[PDB]
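Once you've looked at the hints, dock chains B, C and D with the ligand against the given chain A.
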Amino acid sequence: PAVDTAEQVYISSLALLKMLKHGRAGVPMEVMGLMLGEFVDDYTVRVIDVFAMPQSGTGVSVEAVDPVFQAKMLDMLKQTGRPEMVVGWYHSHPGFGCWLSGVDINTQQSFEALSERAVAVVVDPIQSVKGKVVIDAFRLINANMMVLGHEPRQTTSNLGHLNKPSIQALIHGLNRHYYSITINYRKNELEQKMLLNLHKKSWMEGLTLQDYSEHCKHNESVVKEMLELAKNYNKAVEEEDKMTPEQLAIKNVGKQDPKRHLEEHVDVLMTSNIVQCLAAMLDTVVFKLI
Amino acid sequence: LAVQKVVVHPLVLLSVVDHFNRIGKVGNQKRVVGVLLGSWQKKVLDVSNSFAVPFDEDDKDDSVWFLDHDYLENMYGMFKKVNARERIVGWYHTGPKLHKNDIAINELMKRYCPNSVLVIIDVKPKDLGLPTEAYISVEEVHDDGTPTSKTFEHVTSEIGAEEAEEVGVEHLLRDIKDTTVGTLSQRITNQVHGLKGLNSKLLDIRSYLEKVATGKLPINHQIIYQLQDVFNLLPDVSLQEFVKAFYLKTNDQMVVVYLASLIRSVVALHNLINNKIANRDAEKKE
Amino acid sequence: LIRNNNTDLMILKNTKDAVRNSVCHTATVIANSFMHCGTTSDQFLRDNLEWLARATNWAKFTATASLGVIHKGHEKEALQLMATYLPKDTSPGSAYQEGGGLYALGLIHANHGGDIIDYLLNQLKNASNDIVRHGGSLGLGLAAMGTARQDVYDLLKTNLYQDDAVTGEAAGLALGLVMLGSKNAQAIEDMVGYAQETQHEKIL
Amino acid sequence: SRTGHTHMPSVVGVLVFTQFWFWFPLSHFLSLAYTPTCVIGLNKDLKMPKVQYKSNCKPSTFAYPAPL
Ligand SMILES: [Zn+2]
Numbered sequence: 001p002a003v004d005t006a007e008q009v010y011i012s013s014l015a016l017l018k019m020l021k022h023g024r025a026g027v028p029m030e031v032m033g034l035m036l037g038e039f040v041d042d043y044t045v046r047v048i049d050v051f052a053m054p055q056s057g058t059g060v061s062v063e064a065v066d067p068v069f070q071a072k073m074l075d076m077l078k079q080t081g082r083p084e085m086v087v088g089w090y091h092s093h094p095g096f097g098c099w100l101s102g103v104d105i106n107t108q109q110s111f112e113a114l115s116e117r118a119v120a121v122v123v124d125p126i127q128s129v130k131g132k133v134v135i136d137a138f139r140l141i142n143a144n145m146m147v148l149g150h151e152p153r154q155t156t157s158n159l160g161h162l163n164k165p166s167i168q169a170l171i172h173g174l175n176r177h178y179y180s181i182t183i184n185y186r187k188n189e190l191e192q193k194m195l196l197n198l199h200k201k202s203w204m205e206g207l208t209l210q211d212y213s214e215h216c217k218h219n220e221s222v223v224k225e226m227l228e229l230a231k232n233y234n235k236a237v238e239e240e241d242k243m244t245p246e247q248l249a250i251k252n253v254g255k256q257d258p259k260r261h262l263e264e265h266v267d268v269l270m271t272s273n274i275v276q277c278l279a280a281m282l283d284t285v286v287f288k289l290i
Numbered sequence: 001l002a003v004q005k006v007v008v009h010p011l012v013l014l015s016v017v018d019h020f021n022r023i024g025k026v027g028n029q030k031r032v033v034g035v036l037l038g039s040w041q042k043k044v045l046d047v048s049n050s051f052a053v054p055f056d057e058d059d060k061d062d063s064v065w066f067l068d069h070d071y072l073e074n075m076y077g078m079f080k081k082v083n084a085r086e087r088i089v090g091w092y093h094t095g096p097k098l099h100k101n102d103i104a105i106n107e108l109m110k111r112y113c114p115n116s117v118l119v120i121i122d123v124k125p126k127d128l129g130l131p132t133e134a135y136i137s138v139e140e141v142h143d144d145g146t147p148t149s150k151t152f153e154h155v156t157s158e159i160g161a162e163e164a165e166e167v168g169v170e171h172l173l174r175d176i177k178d179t180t181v182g183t184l185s186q187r188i189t190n191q192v193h194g195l196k197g198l199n200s201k202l203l204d205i206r207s208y209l210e211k212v213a214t215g216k217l218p219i220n221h222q223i224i225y226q227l228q229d230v231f232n233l234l235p236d237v238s239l240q241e242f243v244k245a246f247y248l249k250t251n252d253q254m255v256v257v258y259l260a261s262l263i264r265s266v267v268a269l270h271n272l273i274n275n276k277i278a279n280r281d282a283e284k285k286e
Numbered sequence: 001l002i003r004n005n006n007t008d009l010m011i012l013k014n015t016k017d018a019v020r021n022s023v024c025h026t027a028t029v030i031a032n033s034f035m036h037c038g039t040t041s042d043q044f045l046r047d048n049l050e051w052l053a054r055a056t057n058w059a060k061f062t063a064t065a066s067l068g069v070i071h072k073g074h075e076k077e078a079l080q081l082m083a084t085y086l087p088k089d090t091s092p093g094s095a096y097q098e099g100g101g102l103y104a105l106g107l108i109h110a111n112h113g114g115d116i117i118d119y120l121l122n123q124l125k126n127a128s129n130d131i132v133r134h135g136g137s138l139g140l141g142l143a144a145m146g147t148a149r150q151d152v153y154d155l156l157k158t159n160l161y162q163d164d165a166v167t168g169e170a171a172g173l174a175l176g177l178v179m180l181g182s183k184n185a186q187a188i189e190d191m192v193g194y195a196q197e198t199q200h201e202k203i204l
Numbered sequence: 001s002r003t004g005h006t007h008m009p010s011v012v013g014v015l016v017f018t019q020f021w022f023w024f025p026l027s028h029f030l031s032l033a034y035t036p037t038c039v040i041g042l043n044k045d046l047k048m049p050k051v052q053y054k055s056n057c058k059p060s061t062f063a064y065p066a067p068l
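Chains as they are written, first to last, in my numbering: chain A, 1 to 290; chain B, 1 to 286; chain C, 1 to 204; chain D, 1 to 68.
Each hint should be verified, as a subset may be incorrect.
[Said to hold, decoys possible] Just a few of them, taken from the derived set where beta-carbon distance is under 8 Å, the chain D residues facing chain A: (1) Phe-17; (2) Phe-22; (3) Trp-23; (4) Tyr-64.
Because the hints were derived from the structure by calculation, they are not lab data.
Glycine included, each C-beta is placed from N, C-alpha and C at the ideal position.
Next comes chain A alone, as it looks inside the complex:
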């Protein structure tokens, strides 16, 4: 019954946000927590939720799991409609990629002793950027089976070889002491719409007009800037007339480009003035005394 490389770990939006927030808060500690979910089948590991375990003390490493805290949290979460078993643990790697150290391997051995299909999730809150979170899921490779000449898991599909392993993970024992499970995300329409409200500006400031004194001062300042920018733009055109093609970019290093700044100022003033005029014209119709 060898594990399949097509196995996937499905992390919910709430779970992902919880681990990202906890990992960023605990930087640079390798703060850990438990992942509640359900082993749907031999190929799916759903992660419905997670909860963070408190840190015993100082030290940038994964501490031992507190059984009392885990039991209390599980028992109390079962009281409010969260009867999901622990499907593994997550812990943070603040900036050195996603992999497992020796301490992480020893910690994951405990979960694998409890549940053979437990998953150790590593999230890098430091290297994660908007639209791309650095995350990975791991499960230990048993030394006895691999040493004798057996693959850790069977490949019955291409699904397990779509993500090229990072060299940082490979150096730290990936595909030698542990293997990576492909991570997919479960997003529903409701949660996506709820998250869409982030940075959603209020209706009041849509019709709100900027202060006209500050608007005029900004317009005058930017136009005075474009004055010098065009004065330099003429010289830039003449210089680029007589300039070799090797200096098209090297000579632009360290010296401001009048064309780029002119474009930026034009875009800024067009947007600001057009928006202000349109908002004033809309307000002259909407808020009228008659």
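Frame of chain A; chains B, C and D with the ligand shown alone:
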């Protein structure tokens, strides 16, 4: 007041949605109630986490309702162990509007946080408004001689995210969110949304006035006071001085727009020059 | 095909010597099936039995199934041929071999299971292991392509409704195969409604 | 097919073979798409006579690759 703005993080929204869904899996419920944890920054609330608490109420009677405050304290301790800087700042519920017993629940919560904030989080995806509506309990001293009671004063609510929380949200909104639209289009869409929101608010006021006129609701004598001020605030855009000032301002902005467009056209001609020269050089060497 | 079987075993031997992974092992098995498809010639499998034994779990399911590709169209005798290849009962890891045998039987009589549909239906009905049911579903669908037989459809729908991922994948594929081009409202409704209810991605 | 008809077993075999991405054994379905390239001469008894057709082209144009 003691609260100027309440910032609700996306983690709170996701936790509230998950709590509502997992409780509603039973198939018989109306709303769910939980506790909000956050920090304090000047007079701006920073609601950043939440946890569900057991809660139930009677469908008919509003005075019959049970909230597990011992559960509240125990999970407050458990969360405080994880994050000591996140303290109880109020509570939440997913009921689409307020409830008559919300004041009693806020009184219960006020023991743990004296200036508790109730953030009604509508799970249903409203098209225009924010899912959060923040309120704080105040003692309304009426001038009609009626005895002072406890009411919910509204508080401006905003959705803001931590850096990692924003990173996660953008990862989850990678496909749905369209960032190709320029800033100008974004501002014009903001103006459209403001028009829609103003229309919705005016329609709500009109519906309330319609109910009052037919006697479905009594005359509040305070909403009418506010409405008289609202109608007085409507400016006269037909005044000669205002029209002249508006024309002068529009021309002042239009000359700037003209200068920007002229510079843009010249820069575009320069780009066309460079493109044609590059094409001619490429075809000459080949 | 058998008379003009001008296959080149040198290429197969040359690439078998370069095999170092299970993925390449099953790739070589499938390739050997391809270059000997319809030729009933299992020479490469015969002289490399000890290397073929390296296949484990679903690879076995593939390897046995490769037989059906090699013996495709060998309608003269296939139940006896498969029983010659595969013993009736075996304890250690024989579910994969039995499922692969049923799938290979379906492959031999692809689109022409005139009398093998009955045997495959009986085997699928009298099956307990999920791998055996997966292989039997694949074989039954392969042997009833476009026939739209109601008994096969009912048995395959029951297997699909068992809500097992391994069984469900083959059950859905064979449900589509048996009602190939029938555009029947009942089949579409059943399959789509199940796909909107099942929680196993293999079934989907 | 040679007459222009849509060979349903070929299409089905190719489509399910493309599903080898999710399931390796499904690659065997490609055997369905395998249409033999043959010209079979027959008689009134539906038997196979020793008939030698002529290909009006160089033998190397359409021939098996030379074994290594
Ligand atoms: Zn670690």
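- Query: Measuring from the C-beta of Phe-22 of chain D to each C-beta in chain A, is the shortest one below 8 Å?
  - Reply: holds, 5 Å
- Task: So, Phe-17 of chain D near chain A? Judge it on the closest CB pair being under 8 Å.
- Result: violated, 13 Å
- Tell me if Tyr-64 of chain D is really an interface residue toward chain A, meaning its C-beta lies closer than 8 Å to one of theirs. The hint is violated - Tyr-64 of chain D has no Cβ within 8 Å of chain A, the shortest such distance being about 32 Å.
- Item | Satisfaction of the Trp-23 of chain D interface hint, Cβ to chain A closer than 8 Å | holds, 6 Å
Violated hints, in rising order: 1 and 4; the structure is consistent with all others.
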